[PDB]
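Visitor: The lines below spell out each chain.
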Amino acid sequence: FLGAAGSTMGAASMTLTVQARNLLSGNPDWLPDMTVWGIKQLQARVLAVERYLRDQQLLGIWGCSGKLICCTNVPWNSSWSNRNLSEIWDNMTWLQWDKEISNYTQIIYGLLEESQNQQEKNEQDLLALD
Amino acid sequence: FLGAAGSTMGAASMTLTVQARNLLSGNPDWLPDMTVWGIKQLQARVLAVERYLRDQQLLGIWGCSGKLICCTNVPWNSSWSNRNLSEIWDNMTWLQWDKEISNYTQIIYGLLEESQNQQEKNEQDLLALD
Amino acid sequence: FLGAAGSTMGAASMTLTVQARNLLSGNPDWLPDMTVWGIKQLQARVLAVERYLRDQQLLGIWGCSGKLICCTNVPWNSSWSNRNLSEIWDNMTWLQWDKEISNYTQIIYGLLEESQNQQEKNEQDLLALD
Amino acid sequence: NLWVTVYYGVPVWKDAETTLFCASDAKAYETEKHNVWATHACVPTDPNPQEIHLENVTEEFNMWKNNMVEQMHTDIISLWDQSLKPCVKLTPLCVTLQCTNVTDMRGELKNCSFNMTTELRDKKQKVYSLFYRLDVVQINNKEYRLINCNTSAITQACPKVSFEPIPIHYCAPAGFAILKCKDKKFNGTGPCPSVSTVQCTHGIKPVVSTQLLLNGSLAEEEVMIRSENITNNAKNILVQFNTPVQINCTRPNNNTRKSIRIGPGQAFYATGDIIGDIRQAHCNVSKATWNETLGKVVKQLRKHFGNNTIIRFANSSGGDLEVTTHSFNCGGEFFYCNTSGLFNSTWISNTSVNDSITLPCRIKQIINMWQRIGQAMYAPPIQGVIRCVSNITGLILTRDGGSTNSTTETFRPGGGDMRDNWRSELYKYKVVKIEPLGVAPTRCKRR
Amino acid sequence: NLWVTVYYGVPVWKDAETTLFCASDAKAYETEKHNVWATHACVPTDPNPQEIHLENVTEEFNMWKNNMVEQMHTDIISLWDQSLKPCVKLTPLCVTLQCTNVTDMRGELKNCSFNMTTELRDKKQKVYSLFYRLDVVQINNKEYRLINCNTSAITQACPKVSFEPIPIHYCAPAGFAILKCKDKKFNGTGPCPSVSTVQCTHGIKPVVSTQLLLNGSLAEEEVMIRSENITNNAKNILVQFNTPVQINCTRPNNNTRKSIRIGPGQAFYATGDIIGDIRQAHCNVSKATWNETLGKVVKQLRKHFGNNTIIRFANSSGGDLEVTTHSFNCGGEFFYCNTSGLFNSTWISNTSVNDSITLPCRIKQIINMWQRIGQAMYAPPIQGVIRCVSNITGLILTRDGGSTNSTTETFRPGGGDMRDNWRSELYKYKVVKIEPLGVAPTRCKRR
Ligand SMILES: *[C@@H]1O[C@H](CO)[C@@H](O[C@@H]2O[C@H](CO)[C@@H](O[C@@H]3O[C@H](CO[C@H]4O[C@H](CO[C@H]5O[C@H](CO)[C@@H](O)[C@H](O)[C@@H]5O)[C@@H](O)[C@H](O[C@H]5O[C@H](CO)[C@@H](O)[C@H](O)[C@@H]5O)[C@@H]4O)[C@@H](O)[C@H](O[C@H]4O[C@H](CO)[C@@H](O)[C@H](O)[C@@H]4O[C@H]4O[C@H](CO)[C@@H](O)[C@H](O)[C@@H]4O)[C@@H]3O)[C@H](O)[C@H]2NC(C)=O)[C@H](O)[C@H]1NC(C)=O
Ligand SMILES: *[C@@H]1O[C@H](CO)[C@@H](O[C@@H]2O[C@H](CO)[C@@H](O[C@@H]3O[C@H](CO[C@H]4O[C@H](CO[C@H]5O[C@H](CO)[C@@H](O)[C@H](O)[C@@H]5O)[C@@H](O)[C@H](O[C@H]5O[C@H](CO)[C@@H](O)[C@H](O)[C@@H]5O)[C@@H]4O)[C@@H](O)[C@H](O[C@H]4O[C@H](CO)[C@@H](O)[C@H](O)[C@@H]4O[C@H]4O[C@H](CO)[C@@H](O)[C@H](O)[C@@H]4O)[C@@H]3O)[C@H](O)[C@H]2NC(C)=O)[C@H](O)[C@H]1NC(C)=O
Ligand SMILES: *[C@@H]1O[C@H](CO)[C@@H](O[C@@H]2O[C@H](CO)[C@@H](O[C@@H]3O[C@H](CO)[C@@H](O)[C@H](O[C@H]4O[C@H](CO)[C@@H](O)[C@H](O)[C@@H]4O[C@H]4O[C@H](CO)[C@@H](O)[C@H](O)[C@@H]4O)[C@@H]3O)[C@H](O)[C@H]2NC(C)=O)[C@H](O)[C@H]1NC(C)=O
Ligand SMILES: *[C@@H]1O[C@H](CO)[C@@H](O[C@@H]2O[C@H](CO)[C@@H](O[C@@H]3O[C@H](CO)[C@@H](O)[C@H](O[C@H]4O[C@H](CO)[C@@H](O)[C@H](O)[C@@H]4O[C@H]4O[C@H](CO)[C@@H](O)[C@H](O)[C@@H]4O)[C@@H]3O)[C@H](O)[C@H]2NC(C)=O)[C@H](O)[C@H]1NC(C)=O
Ligand SMILES: *[C@@H]1O[C@H](CO)[C@@H](O[C@@H]2O[C@H](CO)[C@@H](O[C@@H]3O[C@H](CO[C@H]4O[C@H](CO)[C@@H](O)[C@H](O)[C@@H]4O)[C@@H](O)[C@H](O[C@H]4O[C@H](CO)[C@@H](O)[C@H](O)[C@@H]4O)[C@@H]3O)[C@H](O)[C@H]2NC(C)=O)[C@H](O)[C@H]1NC(C)=O
Ligand SMILES: *[C@@H]1O[C@H](CO)[C@@H](O[C@@H]2O[C@H](CO)[C@@H](O[C@@H]3O[C@H](CO[C@H]4O[C@H](CO)[C@@H](O)[C@H](O)[C@@H]4O)[C@@H](O)[C@H](O[C@H]4O[C@H](CO)[C@@H](O)[C@H](O)[C@@H]4O)[C@@H]3O)[C@H](O)[C@H]2NC(C)=O)[C@H](O)[C@H]1NC(C)=O
Ligand SMILES: *[C@@H]1O[C@H](CO)[C@@H](O[C@@H]2O[C@H](CO)[C@@H](O[C@@H]3O[C@H](CO)[C@@H](O)[C@H](O)[C@@H]3O)[C@H](O)[C@H]2NC(C)=O)[C@H](O)[C@H]1NC(C)=O
Ligand SMILES: *[C@@H]1O[C@H](CO)[C@@H](O[C@@H]2O[C@H](CO)[C@@H](O[C@@H]3O[C@H](CO)[C@@H](O)[C@H](O)[C@@H]3O)[C@H](O)[C@H]2NC(C)=O)[C@H](O)[C@H]1NC(C)=O
Ligand SMILES: *[C@@H]1O[C@H](CO)[C@@H](O[C@@H]2O[C@H](CO)[C@@H](O)[C@H](O)[C@H]2NC(C)=O)[C@H](O)[C@H]1NC(C)=O
Ligand SMILES: *[C@@H]1O[C@H](CO)[C@@H](O[C@@H]2O[C@H](CO)[C@@H](O)[C@H](O)[C@H]2NC(C)=O)[C@H](O)[C@H]1NC(C)=O
Ligand SMILES: *[C@@H]1O[C@H](CO)[C@@H](O[C@@H]2O[C@H](CO)[C@@H](O)[C@H](O)[C@H]2NC(C)=O)[C@H](O)[C@H]1NC(C)=O
Ligand SMILES: *[C@@H]1O[C@H](CO)[C@@H](O)[C@H](O)[C@H]1NC(C)=O
Ligand SMILES: *[C@@H]1O[C@H](CO)[C@@H](O)[C@H](O)[C@H]1NC(C)=O
Ligand SMILES: *[C@@H]1O[C@H](CO)[C@@H](O)[C@H](O)[C@H]1NC(C)=O
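Chains A, B, C, D and E, in that order, give the protein sequences.
The first sequence begins at 2 in the numbering used here and counts up one residue at a time.
The second sequence begins at 2 in the numbering used here and counts up one residue at a time.
The third sequence begins at 2 in the numbering used here and counts up one residue at a time.
The fourth sequence begins at 24 in the numbering used here and counts up one residue at a time.
The fifth sequence begins at 24 in the numbering used here and counts up one residue at a time.
Treat the hints as calculated values from the structure; they're not laboratory data.
Honestly, I wouldn't trust all of these hints.
[What the hints assert, rightly or not] Residues from chain C that keep clear of chain B, each with C-beta distances beyond 10 Å, as calculated:
1. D30
2. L69
3. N85
4. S103
[As the list claims (entries may be wrong)] Chain A stretches covered by chain C per the calculated footprint, using a threshold of three residues with CB under 8 Å from any CB of chain C:
5. 31-44
6. 105-119
[Unchecked claim] Straight-line Cα separation of at most 25 Å, DMTMM-like style, residue types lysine to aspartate or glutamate; simulated pairs:
7. E/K258 / E/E345
8. D/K281 / E/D145
9. B/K41 / A/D91
Using N, Cα and C, we set each Cβ at its ideal position, and we do this for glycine too.
The following block holds chain A by itself, in its conformation from the complex:
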């Protein structure tokens, strides 16, 4: 549970499953509720499922369609964190990583939904016909 957050990105890939589990599902679960303080234990968990499906759309509309890790045809731009491969996984941490990509984060997002699954699935339709 977040144990590798201080560790390097290379080491942070092993416990990846643990974060997926605990984060995904959270039910206490208690049926009882009352007019006040029942709406308080509701408003919190309702926002949980709204924030969740928000994330899931990206997983589907992108080249993943599945959880954990999945890859894509988007080439990594040099202008986006020009680096050494061992300088990323072995020498650097995720929090330290997301810090720099903050400018290019929205750009990459476009490459996943538009450049791929919009143009890839259409490409697939043209390649599955023959």
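Based on these hints, arrange chains B, C, D and E with the ligands on the given structure of chain A.
Guide: Same frame as chain A, now just chains B, C, D and E with the ligands:
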């Protein structure tokens, strides 16, 4: 956003992603609520997620298992809108299209869940054994 | 609808789709609600979607990523219900089946999420690079 | 050789408990009359309820352990309070009552004069009303008071709503299921050979009654005998009839509504003078039909208490009025009937040694049912004569402890717990949760 | 060369605010007594709360910016109103009070005669009660009135419920997380070397008190000193103790409950005559234990105010009773204690120049805490003598503005804001939201 609804089906395939996005997720999002008019801003968004998962079951139980476009092994029956290929995409519109298929709509649905993923996955089990 | 529960596991595989359908989605669906007995028709259906997504996580994090049937690379241990193939599907029933596996149920679960999709997807990443 | 494989939607379930909702058949809503009983936002019933018979299946049922009863019991209770919340509270009715004997049958009705607050807070109001002896108690001319004032507060039920029982289907949400026992003879305990499943239970009328199950479901073939612990005399014995028994309960007092004004905005409905037959409420049971049933029922007890034995019947022993009499609602009024005349009999092994029968009934507007303290409901007066015809579908019975067990046994009408009333319709139902996820070994593996 | 790849569940979070729920440990529910404090529908606590220590991590904390405090503060407030809503409102208690001096200590108690409305709306009721001088105010024999009537309305707390503080774990919903600072010495500000995460916070007893943190969490090793702005004398100074201080607060008046009837259905609990010791409420603190702590605490202030300086203590300056005295609840009653005896001292650089000590306490049943207007709560009388033993775990302190800064400094007991009380337990906690989605470049591409 719906811009190609008046345009032809062939042109309506380019902006397909836009409709998927905006339709999928709708959070204002405001936590505050009250006993009356709080139940009004609830009843609407609760029906939103109920109508949503209703659609998602069909995507999974059919030969898609993924969003946007996906194909299937169901052959197109001549009795179902016997037409020209250029008479569909190039000369005709979706609203005009769904208008005629209204009779055969329920029939096709059966071919996707039964004739395919019931008989296809079982076929896959028999083909994945060897 | 559950009709093959008394029948053998081999026969129970044909109607599998029916159970998936009816179980999956349940909307009456009525918008009207009141302060008391409105919270009663809420608490029930809210627990429905919480129990549902709980099941869906397993389908995704395992080697399925799709509904109905899907297979995996986990070898069946002899210590787990050492049996005859015709003694399972042809001569035995699901309720009778789940009865014995109750001890090994939690063990098998580990093999799906850890031994596969944690080690399989990583294996895929190493096999998709070349 | 094989490999594990995930199967989704396998027929596997476990017994559990959930929160069940109602169903009104989507007609009760057109019955209107401002939210009759339950149906307001009530789920309309699927026009085609689905019942799927499961072959080669045997499931063990216990009706006394059934959780649908406890939910339904708490439902009616919670339903009752929500009906009385928006209505008019009668709190300042505790004023002194100067009463006198009505113009025969030992003056059951009291004509009471009292002071009341008007719309204005200045001058009081000198007005008279008519209360039953059961609604008032004297305190020391004749001076009386409300019987509930020393115990609790009181509120009046709204004349708009009606207590008319309407069919309610209990259904289960997604992930759950409801089991139905289709056997003709079932005592509520033991294995059930033929089991079918439904999304919604059958039409169930929430009729609240004592010593008599009214408007219930008939048995099949032989009449049914149900008890939690039979040899135990502390446990009530539920009976299910084959043929319905014609019962008439009327209010042979033709009344009028005062609709007095205790404003601003509020109006109370007082009971005016009685114009018509001077009579006490009465309950009719046809002598031929009750006897025929009795002869069939008394033989079923001998499938347990032995081929030959003496079975004597007698009226209620004693206790609260709810226990000692038949309590119910007809036309909005609450009747309490004297069943002593029916339960007077003595039977031989197969037999017992006129065209009609009647039963004295008492009327009480102010009631605390379910042992409720802090809230008393006042039943509003009804214009004209009330007449109602219902089916008698079953009883609540208790056995005496005095034994002499090997000699003879005597049975008397039960009461108290209203869960037994719901256990009468719910005996064939129980709640289970479905577990769809399953694993099976197969060769397919994966690429 | 590489290609972008989506990683799901990467360890990345951002500081945010959400709606937190409670946890009762699922034992408080068995404590029953009709919804004690919070726990009614309260989430039972996971029998095994999870605490995961994050290695190679440093996070900066600020306890004064913590949002869990503001939520908890508003929680207790919202909790308070919901407890008083179903209970009995005392509105027609504003009747004239004819009072006289009780049979020593300048007649603190007043025996008051007054007129009251009975169950009936006709005749009044001549009855007497016993109120503290703080609950009444004279208006111009001796005639008095309720002290809250000119300010606001009033309602009585139900005798069934209790104000007994029970451990409450604040937990975060899915998508969120709670951080815990595990360091022994933390002032609530600066970087935290060792940080661990928990689904639920530790056991937190919502004890409402002034000038004394009661039943709180002990510090580690050295006692802790916390202040929002230290050199600023306008900001309160929170202190965390190492060893707990034994405190006794009792009600040396053995009382009885009248349970008078103001019906229909309602019953008020009046304070009857006192049978026993004739005494004023008192608070005991052991002279040895308080001093020892003082010697250790006064040295910590010199880690800021300099090695050598004169630190003098004094009682409250002046203001509302809530500020000037120690306010809390024991056995249902609300004590206000005189702390002037403890705060009378003068210390040298390391030192200051009997077997017991006592503190005069005042009792007030009618209270408006948190500066609430429109709602006043009446604390119901308790049968017998109330005795309670608690831990003193910390203080609320303020520094004088008069300076002469380079000469000496004097400290006095604080009060007011109750958020500081919650900041005492929440200093090591803060709320962050988890951002699972992440992207990384890799060669795998796709087919
Ligand atoms: C549903 O309702 C039904 C009825 O409506 C309930 O049934 C009731 O069930 C209880 C059980 O909890 C029964 O009580 C138990 O009775 C047994 C048996 O007692 C009978 O037989 C004894 C022996 O009989 C043989 O031997 C003689 C001599 O050779 C032969 O002639 C006979 O033919 C037989 O072969 C006999 O001794 C008993 O007589 C005594 O008791 C009766 C009843 O009180 C008296 O009238 C007699 O005068 C005489 O005193 C009787 O005929 C007993 O063995 C049980 O005793 C155990 O429990 C006691 C607490 O109640 C405890 O104090 C005892 O020490 C004893 O416990 C012993 O045994 C335990 C088990 O092995 C040990 O763990 C323990 O350590 C200790 O060693 C008990 O009294 C009721 O009789 C029965 N009701 C009726 C009407 O019969 C049912 O419970 C209900 N269930 C539910 C779920 O609602
Ligand atoms: C938390 O609490 C703490 C304390 O509990 C709070 O700390 C307080 O912070 C405020 C800042 O908001 C301080 O006020 C500011 O003080 C500075 C510095 O003043 C001192 O030094 C001056 C110069 O000293 C050098 O020079 C002499 C001469 O050579 C040498 O001998 C010295 O040794 C030094 O080397 C000196 O002039 C000052 O004396 C004057 O002021 C004091 C205090 O009022 C009087 O007693 C004196 O008699 C004398 O009049 C003092 O010794 C000031 O520079 C600040 O002035 C700015 O702000 C004013 C508004 O308050 C404004 O009117 C001024 O014009 C000035 O603004 C100028 O500077 C800005 C920044 O560059 C420009 O943007 C602006 O345009 C303009 O040019 C200010 O007065 C408090 O002193 C300090 N408290 C204490 C007890 O010291 C803290 O704020 C709290 N924080 C939080 C988050 O809660
Ligand atoms: C509780 O109340 C209910 C309702 O009142 C009772 O159930 C009713 O019981 C009565 C009598 O037991 C029954 O009335 C008869 O119904 C017949 C049809 O089922 C009618 O045909 C019959 O009418 C004839 O008799 C009347 C009285 O003698 C005449 O007034 C009437 O005109 C009829 O006479 C005609 O027919 C003859 C030939 O038969 C012909 O020569 C004449 O010229 C004329 O044409 C009765 O009215 C009701 O049908 C029952 N109702 C129901 C719903 O079943 C129940 O008995 C009460 N229970 C108790 C315990 O009191
Ligand atoms: C607030 O209140 C609390 C609770 O009252 C106070 O804390 C208690 O403090 C008292 C005294 O400080 C303490 O009482 C002693 O506890 C000992 C055990 O810890 C007992 O052994 C001892 O009993 C002996 O003394 C009594 C009085 O002298 C006798 O009556 C008693 O019989 C005992 O005598 C026996 O033992 C001797 C040998 O020692 C033998 O020769 C005799 O034959 C006989 O067998 C005391 O009672 C409590 O333990 C404390 N309670 C707690 C929970 O800590 C606190 O001090 C108060 N604070 C303030 C500020 O007032
Ligand atoms: C056990 O089950 C029996 C049978 O189901 C119940 O008997 C029912 O009793 C209720 C009254 O409580 C009856 O409701 C009555 O319906 C009458 C018929 O309505 C039809 O006809 C009129 C034309 O006359 C149409 O306009 C209307 O739309 C309907 O199609 C009404 O005439 C009645 O109104 C009169 O009686 C009531 C009191 O009974 C007064 O308050 C009214 O002001 C008015 O005087 C009334 O609406 C119902 O019809 C009965 N069932 C049947 C099948 O007839 C028992 O009540 C039930 N037992 C318990 C304990 O609930
Ligand atoms: C700071 O923390 C301390 C310690 O936790 C608190 O002191 C608690 O005070 C409450 C009262 O407010 C105590 O509750 C009392 O428990 C007593 C013991 O109950 C046990 O024993 C009985 C047998 O005697 C069992 O039946 C029962 O199941 C328990 O196992 C009761 O005897 C008390 O009842 C009497 O006192 C109260 C008033 O105190 C009266 O109202 C009752 O009618 C009766 O006379 C009472 O229930 C609690 O036990 C104390 N804690 C401990 C550890 O003893 C402080 O209150 C707290 N500070 C603040 C501000 O809340
Ligand atoms: C109590 O139940 C008994 C049945 O156990 C009822 O006895 C019934 O009495 C009538 C006569 O009043 C019998 O009718 C008779 O039929 C014969 C044959 O057709 C005919 O010869 C006679 O002239 C007369 O019509 C009836 O058969 C008989 N029941 C049975 C089952 O035989 C009795 O009526 C019930 N109690 C009351 C209130 O009468
Ligand atoms: C205030 O705190 C001081 C400590 O700073 C307390 O002084 C304590 O006084 C007692 C005597 O009453 C000392 O006990 C003595 O111990 C010595 C050594 O064993 C022995 O020779 C003496 O006969 C006596 O028993 C105690 O040591 C001392 N504390 C320390 C730390 O030395 C003082 O008691 C506190 N205030 C009060 C209320 O007394
Ligand atoms: C219920 O019916 C029984 C049986 O008729 C009534 O019992 C009568 O009680 C009175 C005294 O109140 C006696 O004088 C009669 O002799 C009894 N009748 C018989 C046949 O024994 C009873 O009173 C009725 N009602 C109530 C409320 O008890
Ligand atoms: C408080 O004052 C009331 C009177 O208002 C006292 O009650 C009286 O007590 C005397 C005993 O000396 C009786 O003779 C009277 O009959 C009582 N009168 C009423 C109205 O109760 C009361 O005793 C005083 N406080 C107490 C109880 O000490
Ligand atoms: C709280 O304690 C202080 C200290 O004992 C009390 O101060 C006394 O006040 C009275 C006047 O009310 C003086 O006559 C005494 O001389 C003061 N005592 C000392 C030691 O100076 C104070 O009265 C107490 N309570 C309140 C409410 O102030
Ligand atoms: C990389 O980014 C730069 C500027 O952001 C752009 O000019 C260039 O075309 C990009 N290259 C690729 C391959 O996307
Ligand atoms: C009125 O009838 C009652 C019977 O309930 C009787 O007790 C009472 O004495 C009668 N009053 C008069 C004045 O006759
Ligand atoms: C009663 O005591 C108060 C002190 O609070 C005093 O002011 C008053 O004069 C006393 N009354 C009488 C009659 O002595």
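Visitor: Compare the structure with each hint and give your call.
Guide: Hints and how they fare:
With a closest Cβ-Cβ approach of about 6 Å to chain B, C/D30 is found to fall inside the 10 Å limit, against its non-interface label. In this structure C/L69 is not separated from chain B by more than 10 Å, as the shortest Cβ-Cβ distance comes to only about 5 Å. Interface exclusion of C/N85 from chain B stands, the closest Cβ pair being 17 Å apart, more than 10 Å. Its beta-carbon lying about 25 Å from the closest one in chain B, C/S103 satisfies the requirement of being farther than 10 Å from that chain.
Proximity of the stretch 31-44 of chain A to chain C, defined as three or more residues with a beta carbon under 8 Å from a beta carbon of that chain, is established by the 4 residues found. A count of 0 residues in the stretch 105-119 of chain A with a Cβ less than 8 Å from any Cβ of chain C is obtained; the coverage claim is therefore unmet, three being the minimum. With a C-alpha separation of about 18 Å, the suggested pair E/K258 and E/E345 falls inside the 25 Å cut-off, and the hint holds. Under the criterion of a C-alpha separation no larger than 25 Å, the hint pairing D/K281 with E/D145 is consistent with the structure, at around 23 Å.
The hinted pair formed by B/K41 and A/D91 fails the criterion: a straight-line CA distance of about 52 Å is larger than 25 Å.
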